[PDB]
Amino acid sequence: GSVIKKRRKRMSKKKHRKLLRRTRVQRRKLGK
Amino acid sequence: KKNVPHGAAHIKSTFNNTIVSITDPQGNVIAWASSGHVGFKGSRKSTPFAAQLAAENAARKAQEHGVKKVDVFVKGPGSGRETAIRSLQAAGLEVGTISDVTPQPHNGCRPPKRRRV
Amino acid sequence: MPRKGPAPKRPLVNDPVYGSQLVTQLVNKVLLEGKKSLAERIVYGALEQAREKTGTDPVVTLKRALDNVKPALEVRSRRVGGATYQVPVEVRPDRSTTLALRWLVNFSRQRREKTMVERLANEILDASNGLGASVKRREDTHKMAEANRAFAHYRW
Amino acid sequence: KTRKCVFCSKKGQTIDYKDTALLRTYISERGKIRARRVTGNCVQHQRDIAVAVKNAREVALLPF
Amino acid sequence: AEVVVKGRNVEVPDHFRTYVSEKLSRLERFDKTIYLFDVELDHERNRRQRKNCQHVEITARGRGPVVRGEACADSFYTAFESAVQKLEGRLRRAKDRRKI
RNA sequence: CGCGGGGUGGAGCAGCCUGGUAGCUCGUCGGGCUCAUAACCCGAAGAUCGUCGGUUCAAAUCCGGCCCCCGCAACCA
RNA sequence: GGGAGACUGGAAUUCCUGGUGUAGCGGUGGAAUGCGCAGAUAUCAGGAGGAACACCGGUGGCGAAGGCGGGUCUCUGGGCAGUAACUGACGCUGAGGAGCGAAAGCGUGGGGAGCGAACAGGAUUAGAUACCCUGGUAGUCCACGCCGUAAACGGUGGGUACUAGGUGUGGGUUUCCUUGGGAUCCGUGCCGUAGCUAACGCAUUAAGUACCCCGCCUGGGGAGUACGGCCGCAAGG
Numbered sequence: 002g003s004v005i006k007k008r009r010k011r012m013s014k015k016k017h018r019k020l021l022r023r024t025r026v027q028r029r030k031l032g033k
Numbered sequence: 022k023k024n025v026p027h028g029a030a031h032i033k034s035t036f037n038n039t040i041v042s043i044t045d046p047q048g049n050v051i052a053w054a055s056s057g058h059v060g061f062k063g064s065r066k067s068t069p070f071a072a073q074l075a076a077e078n079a080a081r082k083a084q085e086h087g088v089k090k091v092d093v094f095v096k097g098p099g100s101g102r103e104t105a106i107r108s109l110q111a112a113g114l115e116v117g118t119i120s121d122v123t124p125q126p127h128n129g130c131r132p133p134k135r136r137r138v
Numbered sequence: 001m002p003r004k005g006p007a008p009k010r011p012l013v014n015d016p017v018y019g020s021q022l023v024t025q026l027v028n029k030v031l032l033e034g035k036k037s038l039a040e041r042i043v044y045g046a047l048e049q050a051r052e053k054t055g056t057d058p059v060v061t062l063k064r065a066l067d068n069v070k071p072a073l074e075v076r077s078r079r080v081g082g083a084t085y086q087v088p089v090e091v092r093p094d095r096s097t098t099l100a101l102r103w104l105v106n107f108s109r110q111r112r113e114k115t116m117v118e119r120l121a122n123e124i125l126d127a128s129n130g131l132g133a134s135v136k137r138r139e140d141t142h143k144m145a146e147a148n149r150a151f152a153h154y155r156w
Numbered sequence: 016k017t018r019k020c021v022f023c024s025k026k027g028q029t030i031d032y033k034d035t036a037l038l039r040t041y042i043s044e045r046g047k048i049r050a051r052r053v054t055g056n057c058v059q060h061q062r063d064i065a066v067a068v069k070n071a072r073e074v075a076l077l078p079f
Numbered sequence: 031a032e033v034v035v036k037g038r039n040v041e042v043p044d045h046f047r048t049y050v051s052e053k054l055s056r057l058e059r060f061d062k063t064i065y066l067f068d069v070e071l072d073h074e075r076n077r078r079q080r081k082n083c084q085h086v087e088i089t090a091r092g093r094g095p096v097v098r099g100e101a102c103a104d105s106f107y108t109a110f111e112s113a114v115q116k117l118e119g120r121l122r123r124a125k126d127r128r129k130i
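Chains as they are written, first to last, in the UniProt record's numbering: chain X, 2 to 33; chain V, 22 to 138; chain G, 1 to 156; chain S, 16 to 79; chain H, 31 to 130.
These are computed hints drawn from the structure, not numbers from a lab.
Ideal placement from N, C-alpha and C gives every residue a C-beta, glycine not left out.
Some hints here could point you the wrong way.
Only part of the chain V face toward chain G is listed, based on derived beta-carbon distances under 10 Å [to be verified]: (1) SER64; (2) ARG65; (3) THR68; (4) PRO69; (5) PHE70; (6) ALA71; (7) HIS127; (8) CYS130.
Computed far set for chain V versus chain G, every beta-carbon distance over 12 Å [unchecked claim]: (9) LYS33; (10) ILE40; (11) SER67; (12) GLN84; (13) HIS86; (14) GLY87; (15) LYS90; (16) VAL116.
Work out the full structure: start from the sequences and follow the hints.
Dropping the structure here:
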């Protein structure tokens, strides 16, 4: 179809990836 | 210095210039002529007129060591192959062969990927 | 009349006093506007002063100066890809006569004699010997053409 | 070309890696292998010619 | 940077003077090539049970030749903002595009 | 302490050991290039040898100093 | 070019030693960092080492899908046709389940030529944390395992029967002229009726006409995210 749907989805995915970069450490230690 | 009865040319026509050595059968080079050494620099170095002046100066420095007959060996893709052969046949050396020895890899080392400009 | 092809040009009558295409064409390029009669008085008076300083036929002196300023190659202008390329091009006959007469008139007009007649006389004489600034502009135009020979290939 | 073959049409002929004449009928003046369109092979014998020329290059019988 | 501010059919509030000065002043920042600016402020749509269409025209003699630039908007500040965004991109292009 | 080399358009660099013929590179404006910008390209505007001294036709050039410049490597100065 | 193991081949790039030989080479839209003048680029001879396999080779073959092309040898998997010798419905699908599964990435040990994220400098630009240039580490390679994801796409689950044709090409049987056509079974493309579709299109390799089993959907965001559990060395799934 259009690539707009694909790109909205991918924006969400990207943002999430970044959010796991920055909290990586914090999730390990707060979880442990 | 010495005399050489006949030699072979080497023309490296790689886009930004042509480097024209001449060489005996042995392969030693009596003299080497290039567009850059003529006086052109930069993008003017790429031009076929730079190849004509490179083969002119290469044929004069060639003729100072007494070469008369030449077998021409031209390299791969670029501007200035038949122009350098032309300036050689006019500038004091005669035709001989025109051998297109392009160095062909056969999917060898992977080439640089793509220039997007 | 460009973009439709070549346009037909006006035929030019020759000179009454001297009998040349090139004298009348020098008059029409002397013509700072309005006064063709005064342009004829400048050209005629300047060529009889050339007759005084040569003692010969003035149109032979004129055509020898015209030959000694006449260019063979002109530079121009085509900018291939983000760089301005001075491209040398073969000059037509009419284009070469036009550059010869136009340079002759303009650089006579820069010269520092009192009237215009003495200016044009001294410029036709100095261009006949080869000592005017206009001959130096021919040598500078061939300097730009021979200095820029490589870019000429485009075949343009 | 636009023939149908010589091996599939003449219906008896063996392609032999020792035989340097038959393999040099199908390489070019450069030494490179000609196509199936240029020589008109059936596909089986185009595979066997290509492998046979390639073996003959491996044992120095063709100028690579 | 000489800045002429004409109406077209409109009052010219001290808010409009100051805002004009600061948007257009962005251009003084980074395009040193500027000379004269001429800025003229139309006002229609008004009177018709509808919302007034403003229009801004801006003229700019650079150091060299003459830009022009025209914008229509429901209000005046939003229009002059938009006009300065456009002008900034253009000029650096007329800055751009060159450099061999 | 010396023996040396070391000076030449604003500058850097030669040339200066075998006298007649001082170049060279950025600081130079004007062009052509583009509808343009700039570059790219062309040309142009400055030293006759830090300077002064003898001989030889001819002297930066050869020889005497100096202003200098130092390299240092020495100094139980 | 189905897979695995083993041995080996040449062209090319890079470095190395040695010749020949001089001031540029490289690079670009134009340049500059860069390598040079200590002997580079160029050319000739020899050596090392690694990776990828020009030509054949394409709308072509094989594999369940990923995927598979230098050669040879060794071990092994599937398919197709022909005869009909045998068995006699042993078929189909398949929730959960186990296995395989590009690239990137991960662990331990090797290897490291070319290419090359990150990382520098140069340039461009208002500014480039970018494109373009010069260099460049992990990686790319092999051995042994992890991981489980893709536009893993024919964007089309698997099986079966039927429904006008025309023309290419791949594998094999046969009747006729005597390689040429015919007919047939299996494959893969291009065009085309009927029928179907929202339309584009599909169209005997169906998205047509029907039957069997599975997966899955129920407005857009929030979100394939939280919480919880499972797997994983981690990234994460």
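- Item | Non-interface claim for V:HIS86 versus chain G (Cβ beyond 12 Å) | Given that every Cβ of chain G is farther than 12 Å from that of V:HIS86, nearest at about 28 Å, it holds.
- Query: Just checking, V:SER67 versus chain G, shortest CB gap more than 12 Å?
  - Reply: 9 Å, violated
- Given V:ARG65 was flagged as interface, is its beta-carbon under 10 Å from a beta-carbon of chain G? 5 Å, holds
- Against chain G, is V:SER64 within 10 Å by beta-carbon distance? 7 Å, holds
- Item | Consistency of the no-contact label for V:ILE40, given chain G and a CB cut of 12 Å | 17 Å, holds
- Item | Given hint V:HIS127 near chain G, where the shortest CB pair must fall under 10 Å | Given a least distance of 34 Å, the restraint on V:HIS127 is violated.
- Query: Taking 12 Å as the cut and beta carbons as the points, is V:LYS90 off the interface with chain G?
  - Reply: 30 Å, holds
- Message: For V:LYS33, is the shortest CB-to-CB distance to chain G above 12 Å, so the non-interface label stands?
- Response: 19 Å, holds
- Query: Against chain G, with CB atoms and a cut of 10 Å, does the hint on V:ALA71 hold up?
  - Reply: 6 Å, holds
- Classify the hint on V:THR68 as holds or violated, based on whether any CB of chain G lies nearer than 10 Å to its CB. 4 Å, holds
- For the hint on V:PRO69, just tell me whether its beta-carbon gets within less than 10 Å of chain G. Holds, because the Cβ-Cβ distance from V:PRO69 to chain G comes to roughly 6 Å (cut-off 10 Å).
- Message: Does V:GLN84 clear chain G by more than 12 Å, comparing its Cβ with all Cβ atoms of that chain?
- Response: V:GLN84 clear of chain G: closest Cβ-Cβ about 23 Å, beyond 12 Å.
In the structure shown, a violation is registered for the earlier hints numbered 7, 8, 11, in ascending order.
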